[PDB]
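Note that this complex is displayed minus one protein chain, with the remaining chains in position.
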Amino acid sequence: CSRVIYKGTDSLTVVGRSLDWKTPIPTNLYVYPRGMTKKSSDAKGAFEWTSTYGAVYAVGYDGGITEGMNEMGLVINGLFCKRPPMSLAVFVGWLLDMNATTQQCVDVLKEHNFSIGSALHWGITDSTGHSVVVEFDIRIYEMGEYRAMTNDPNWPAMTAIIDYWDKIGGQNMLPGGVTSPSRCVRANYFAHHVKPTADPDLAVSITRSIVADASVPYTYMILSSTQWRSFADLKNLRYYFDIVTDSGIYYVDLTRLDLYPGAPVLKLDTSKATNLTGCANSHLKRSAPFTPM
Amino acid sequence: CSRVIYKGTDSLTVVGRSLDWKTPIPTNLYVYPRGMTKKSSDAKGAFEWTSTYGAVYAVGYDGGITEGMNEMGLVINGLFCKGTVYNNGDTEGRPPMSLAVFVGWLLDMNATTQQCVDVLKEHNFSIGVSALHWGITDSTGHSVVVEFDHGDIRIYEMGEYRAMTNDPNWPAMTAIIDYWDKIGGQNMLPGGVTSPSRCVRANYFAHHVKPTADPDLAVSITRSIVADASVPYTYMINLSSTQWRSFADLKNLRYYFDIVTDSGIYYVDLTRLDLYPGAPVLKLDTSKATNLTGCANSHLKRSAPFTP
Amino acid sequence: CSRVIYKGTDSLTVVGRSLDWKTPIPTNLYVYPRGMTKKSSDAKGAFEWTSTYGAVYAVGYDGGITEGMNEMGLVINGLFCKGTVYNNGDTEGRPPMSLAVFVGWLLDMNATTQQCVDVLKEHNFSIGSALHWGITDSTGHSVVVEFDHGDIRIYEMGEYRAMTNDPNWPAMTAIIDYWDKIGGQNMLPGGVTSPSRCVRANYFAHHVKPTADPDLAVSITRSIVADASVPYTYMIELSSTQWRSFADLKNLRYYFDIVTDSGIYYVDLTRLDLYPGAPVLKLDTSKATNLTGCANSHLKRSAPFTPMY
Partner (left out) sequence: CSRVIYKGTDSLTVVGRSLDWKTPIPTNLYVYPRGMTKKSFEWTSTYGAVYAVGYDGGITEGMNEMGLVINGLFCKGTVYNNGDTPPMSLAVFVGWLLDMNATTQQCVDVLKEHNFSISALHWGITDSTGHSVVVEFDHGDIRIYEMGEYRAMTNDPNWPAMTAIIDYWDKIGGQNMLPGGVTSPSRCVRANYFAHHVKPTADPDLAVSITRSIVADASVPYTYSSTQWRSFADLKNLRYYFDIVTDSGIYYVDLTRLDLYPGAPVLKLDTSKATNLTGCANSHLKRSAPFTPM
């Protein structure tokens, strides 16, 4: 994974994110309205919650939420990193359903009133640009001025490598490898050295170019090839998505969807959207909630 | 700018190409049929030729052919080279050949890369800064680099090399590529936007991706290689932001094209067009088509030959 | 500044170090015997201690102990660290310890690296020029001591062999671990910055042949330290290496050479009188521009250096 934060002008913030894996990971888009009651897990002692906000989920294998953006502009991305039970399939949605800002996610995660059941670490950004890194004891790191976030190593060891290369100068040398530190240093440098703009369509084009450079070429094997990329427009509530083999990039506009209590669940089958561009709201079909694995 | 050659399986060759420049360069796609008589230049002593093969051109400013692909699978891409000097004292007088139709003259009259080598070796012309060097690849995968060293056409066989950027010249570029090859691309690669760095990365990844006989998958792989070698848009702090990218499918005769700010990538299929002599010239305005994907032969409208 | 640890065979351990600075630092060697009463500082509340072990000190400006090696094989090396903060709110009121005699205090009373860790873990002193130390005993056990805002952070060097300046040891090991995954045989950072010098020295220390020859182990350590040594008259507005030191921990030999001198010499502590009442010896390095071999005959009787309290 490679997660980039682009802060344009006029409070415009775009969060890029690319999925790198040796095998294709079937991921579909699900739009959930408010008022839905979900369970934390299927084991004994699991708790429930009613979704306060509506959100769109990038559900991999139609079983677990890899990432998502809610109607408040809150974005949470899950990245690989080598008490009441809280499954990983609904952990991202539980924070999206109940919280509106990054600070609200930090307060709930600081309580740690849950257990979790090859692992992951998350990055949470709100519409205000406040971004943190959550890594498991739970450790919440404030990104501050950092813009990129990949897999390994941990965040303290990552910022050390970032500060080491920042003294060398990105204008002079950057690591061109596919390793997570190499992709993080490149993405962080480019995120600081691109022009800030107020146009939402241009900010996604700029964020796409940074994520493209930090992307692993497809079928790379001498095998974490980039499978797909996502870009969240936090100010305009647009969630972009594209498969690296498809011909068009499309977005789901939450401001044009019915997220009220009682609305039906919509689903975008990405396997049937190979040539779709522009807004993909009309291609959302009324479906049932995905079954947690 | 980066030019990548992808050789899949079953004689499938895809030539990627990205245009990197500070300001946007208006580029439109033109489809020329056979039997068209064109002029090399407007100066005294220019010669004429009748196009033997139909080709699609990527004409910049609607005045000069940047790159193109003919109906035989021959692809020629023009890239900048700062130290290019086109004429000397022995080229003085040889018929003038403008850079606006230089790529088209090699595409209209030649079918293979070797035919382009035989014509360029004669060097019976002069060239009239658009200091550029070219990479020519035919459907069989044979690729060469053409550079002007003070009025001297220097042709190099790419052989196992897969990438081709700007400066320095090809011999010094091959040395930098071989130097980094011993270092190990899996261990370390240059991650800058300079021409050698982009050439070393795109050459390494072109060798370490899976070859395939799928024409669509081959294009998707070439896109990912060119995307990594592409300079991020609005890179501020010469050859700056990547403005557009093109991918030519040599076996299936498809010429892909996409603007980095556009939302879709489309292609022009030459096998589904009337390439007989006398056919109308077709133009694809890349400024009008913004959300177009798949085959772009639809939005091809009838236009007139572009004016050099 | 760079610090390299070499572990050959038969418990042979050599600790190499190079001093990098813009201007030349006058450094003289002093040999102190046992039973010398010294003051931790000149301020109020300073304590005193009697030297348990005889040692050799590399005293810069003849007023402060940069590094040293006691007769037990314990070596302590002080290296600059920009982010070092010695005192905080919890250290105010503790007995003052001057940086001029801090290295000698640990070398006088302690014999192993663990004994220094226990003494530093108590932290019954306040320090009164930001540096961090590397301590190695005859057995090869080595640690890194850093003051993180009035907090003695002690890290086990473990399998790491090198130690330069900035950043701190956790961030430094993260850079070392990143480059180790690239492969030193494939690519190494060749700059004069502190992380680039540490990765090179740590790699080469692991990939040289271990030997039991005390003279070969020093020559091998010299080649690694010289590789991490900044060329002379080169500076950055991380400057030139002024001198290099090498300590043979098993044989109690302390090698020394100036980068501009034509020879390297060593002080053999086994061939010196360190009993209580022995005189303090001094070796003026400015007068040994062509001295090679054992330099015990050149040490002259001298009064103890005056610490710059």
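Observations, loosely collected:
Here the chain labels run A, B and C in written order, and each chain numbers its own residues starting at 1.
Basically, a contact is a pair of C-beta atoms (placed from the backbone, for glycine too) under 8 Å apart; a residue touches a chain by one contact, two chains touch by 3 or more.
The chain that is not displayed touches the following shown chains in the complete assembly: A, B, C.
Checked against the full complex, the one of C:88, C:260 or C:306 touching the unshown chain is C:260. Residue in contact with the omitted chain (choice from C:23, C:37, C:233 or C:297): C:233.
Across B:83, B:168 or B:215, the single residue that touches the chain missing here is B:168.
For chain C, the residues touching the chain absent from view are 184-191, 196, 199-200, 204, 207-209, 211, 215-216, 219-220, 222-224, 226-227, 229-234, 236, 240-241, 259-260, 262-265, 290, 292-293.
For chain A, the residues touching the chain absent from view are 168-169, 172-173. The missing chain lies against chain B, touching residues 168, 171-172, 175-176, 178-179, 182, 194, 196.
Throughout what follows, only the chains that are shown with their structure count from here on.
If touching chains are joined by edges, the resulting network of the protein chains shown connects every chain directly with every other.
One simple way to say how far apart two chains are is to compare their mean CA positions; for chain B and chain C this gives 61 Å. Centres computed as Cα averages put chain A at a distance of 49 Å from chain C. For chain B, residues touching at least two other chains, in rising order: 187-188.
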